[PDB]
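Here the complex is missing one protein chain, while the rest keep their positions.
Note that the chains take the letters A, B and C in the order they are written out, and that residue 1 is the start of every chain.
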Amino acid sequence: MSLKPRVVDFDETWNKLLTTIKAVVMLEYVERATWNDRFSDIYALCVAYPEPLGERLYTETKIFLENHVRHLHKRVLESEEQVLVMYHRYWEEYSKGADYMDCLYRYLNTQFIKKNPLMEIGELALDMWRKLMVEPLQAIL
Amino acid sequence: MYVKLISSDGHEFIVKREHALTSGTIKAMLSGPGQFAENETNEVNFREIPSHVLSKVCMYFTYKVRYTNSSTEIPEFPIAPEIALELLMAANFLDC
Amino acid sequence: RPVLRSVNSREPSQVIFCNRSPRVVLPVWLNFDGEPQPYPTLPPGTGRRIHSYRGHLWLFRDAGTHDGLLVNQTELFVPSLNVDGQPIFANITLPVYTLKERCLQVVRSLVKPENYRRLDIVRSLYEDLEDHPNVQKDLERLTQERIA
Partner (left out) sequence: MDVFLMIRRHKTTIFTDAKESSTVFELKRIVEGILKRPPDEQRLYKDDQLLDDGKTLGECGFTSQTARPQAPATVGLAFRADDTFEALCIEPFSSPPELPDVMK
């Protein structure tokens, strides 16, 4: 392969990327080799023709975070006599996760959100969690 | 101490780790993920960069480390015209 | 009233410009209205005497490309009052450009602008290439950095 803009099939790629992503958010293991390759995938995706799959990758990632923070909302929703402490463990987790994604999506961050209301992958993660917190900020009566 | 960068055609470049970190992309690659980045197995494989480009990238790393924060007269960084395009793409990709 | 401009401090300052870079350097004085004014260029191994004033603003660029240069390790040079009659030095040096910025320089120097888009490089780089070094843009940037 080469650094030049390539003809690239999206879903073939967003699948393997997806497996790795959900791995990364919950702090489960990622083998470093495939981590390297995921970097190379987000590149190829960002440069591909006929139309650049930058934006599409952004929105697929955003839906992924919505489902995941809402799912965190539902998993911590199960009281377990433990709101907050559950909330906390999950937020520690999800935060280091968001950091590692911010790392992995670097090129999408630097070169695509120069175009522009879009925000960096990490920051986005944070807004999603700010709806997990805006929801119990309301349920505080 | 040292990291091994692999070019697309299989060439191995061993450079000081601190130098390789000049690359935001490489810094990010080894930032991850981020556990057991100390299992003594540190290497990067670039399946998009040819050896004639990775060699210059490494020369840039050495150049970069030497002249930043040095009060010595800083010289121009040379780029042969036939590699200018490939280097631009590699520099873009590696973020350095 | 602009932010980045010289103040007409009627207090003289002797300066010697030293080009310790390999570029032909074009010195630029920001007058009292913040407008950039060009001065005679300098070859790579030369120095030059200047009668400036405390509080005047100067910046330096590649004469042919308008690439940014450093003076005493920074973007801007401001003469201060001379100590013990020792003239104040303004050292022009190359900065250490990012590899990408350096590649953009070489490529801009080799391809005519009307051809940037005919190059077989990633799409995004076209915009980067067209965004050639600009003193006015630097002034806008420096004004922002200044205030905040």
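Assorted remarks:
Here is the rule we go by: a contact is a pair of C-beta atoms (placed from the backbone, for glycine too) under 8 Å apart; a residue touches a chain by one contact, two chains touch by 3 or more.
Here the missing chain is touched by one residue of B:26, B:29, B:44 or B:58, and it is B:58.
The chain not shown here is touched by just one of B:24, B:34 or B:50, and that residue is B:50.
Mapped onto chain C, contacts with the missing chain fall at residues 107, 110-112, 115, 118-120.
Contact between chain B and the absent chain runs through residues 2, 7, 9-16, 19, 50-53, 55, 58-63, 65-67, 75, 77-78, 80-86.
To be clear about the criterion, only the chains that are shown with their structure count from here on.
Across the two candidate interfaces, A-C and A-B, the one carrying more C-beta contacts is A-B.
A straight line joining the Cα centres of chain A and chain B is 27 Å long. Each chain gets one centre point, the mean of its Cα atoms, and the points for chain A and chain C are 41 Å apart. Shared interface positions of chain A, i.e. residues touching 2 or more other chains, are given as 3-4, 111. Multi-chain contact residues of chain C (touching two or more other chains) are listed as 120-122, 124. Interface residues of chain C, counted against chain A in their complex, comprise 120-124.
Residue ranges on chain B touching chain A, taken from their complex, read 8, 24-25, 28-35, 37, 41, 44-45, 47-49, 86, 89-90, 92-93, 95. Residues 1-4, 24, 29-30, 32-33, 35-37, 39-40, 43, 100, 103-104, 106-107, 110-111 of chain A are the ones that touch chain B when the two sit in their complex.
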